[PDB]
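Just the one chain here, laid out as structure tokens, in the form deposited without S-adenosylmethionine (SAM).
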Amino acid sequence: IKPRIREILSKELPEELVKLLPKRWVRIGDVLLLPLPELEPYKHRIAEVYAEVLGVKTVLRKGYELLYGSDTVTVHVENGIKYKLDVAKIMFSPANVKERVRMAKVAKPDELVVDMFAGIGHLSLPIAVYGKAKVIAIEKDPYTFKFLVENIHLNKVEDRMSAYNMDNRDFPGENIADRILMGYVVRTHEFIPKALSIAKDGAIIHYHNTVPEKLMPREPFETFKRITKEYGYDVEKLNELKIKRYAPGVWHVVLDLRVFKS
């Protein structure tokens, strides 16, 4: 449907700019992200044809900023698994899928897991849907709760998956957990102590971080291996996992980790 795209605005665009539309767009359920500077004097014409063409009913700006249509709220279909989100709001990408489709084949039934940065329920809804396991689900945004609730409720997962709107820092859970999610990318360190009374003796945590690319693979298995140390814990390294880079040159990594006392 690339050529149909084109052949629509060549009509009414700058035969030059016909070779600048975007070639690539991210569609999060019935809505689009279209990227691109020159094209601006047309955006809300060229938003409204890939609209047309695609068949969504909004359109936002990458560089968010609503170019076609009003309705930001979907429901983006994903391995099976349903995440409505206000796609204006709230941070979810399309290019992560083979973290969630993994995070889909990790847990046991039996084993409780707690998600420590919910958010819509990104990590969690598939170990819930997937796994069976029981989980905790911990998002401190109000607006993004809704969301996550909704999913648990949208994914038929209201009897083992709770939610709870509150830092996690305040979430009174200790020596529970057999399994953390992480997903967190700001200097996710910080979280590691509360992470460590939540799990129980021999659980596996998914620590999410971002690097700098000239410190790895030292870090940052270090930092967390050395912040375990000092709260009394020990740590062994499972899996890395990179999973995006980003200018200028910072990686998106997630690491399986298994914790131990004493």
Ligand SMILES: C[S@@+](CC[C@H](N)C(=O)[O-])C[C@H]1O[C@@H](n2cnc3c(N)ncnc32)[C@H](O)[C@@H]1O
The other form holds:
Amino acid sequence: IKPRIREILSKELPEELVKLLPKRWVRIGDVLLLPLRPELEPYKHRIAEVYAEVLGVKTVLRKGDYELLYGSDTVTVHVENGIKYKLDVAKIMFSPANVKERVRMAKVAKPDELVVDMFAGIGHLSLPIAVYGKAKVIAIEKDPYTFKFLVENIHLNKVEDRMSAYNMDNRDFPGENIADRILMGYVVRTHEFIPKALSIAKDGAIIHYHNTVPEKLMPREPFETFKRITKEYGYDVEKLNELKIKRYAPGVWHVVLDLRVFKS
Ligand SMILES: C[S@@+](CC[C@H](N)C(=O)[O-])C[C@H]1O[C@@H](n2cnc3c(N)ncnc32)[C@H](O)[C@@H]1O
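How about the form deposited with S-adenosylmethionine (SAM) bound, since we already have the form deposited without S-adenosylmethionine (SAM)?
Below, the chain from earlier opens the complete complex, with every other chain and molecule after it.
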């Protein structure tokens, strides 16, 4: 099934098009991300329709952010490694192509830490910490829509007590020298937030610093740049680890560096 899909669609599609039907897909809650060959375009909707029924999802988006192929409701709750993540699959990014990192995050924190998530999303990286590590968490999310989900996801996981949330730009965050650990899960020229990061950090704090660097420049970057910017503040940093992740071309990785900073 396949089989079931092939039995239904073979009735409406010439055998040549049937052969090209989608063989994989991504499922997030009850929404389906479905990739489609160009020759199947004319039949977009009907194919998404049968896939929807045999796979048991309410909505199908094109994988290819996303084009609605069948259904209407893109909000769903996705469960991963014991975590509940409500989201609007069409408006908010969330790839299991990153699940390892979300798993990793479940381990790294100690119950005592204050953790600040500078780019919270719906709780991508911070929920694992609040739930498994048990530290406290201040989660910052700029987008008001995304924010609703983050707030909700906090209840859904029963951590409203130890996790708080602010709908502002991380640069306006009043805090200073509070953070034992900072999450910088963002990849658009994130070096630009290093200064607010260092401000929010305590001396010795750990920073999970995500960025997108060309492999032309590895393994020098993105650490050199993190290093030099830190110099502008007379602080130092030690590189504790550098994981590769969604190595997503053309030619550019997505890495996360674990770094400890010292406020002199
Ligand atoms: C949701 S994470 C993406 C994680 C990744 N796509 C994944 O699958 O795990 C990026 C978030 O940072 C937020 N953001 C961007 N700039 C921000 C800022 N200056 N202050 C606070 N949040 C910001 C965006 O609203 C977005 O929700």
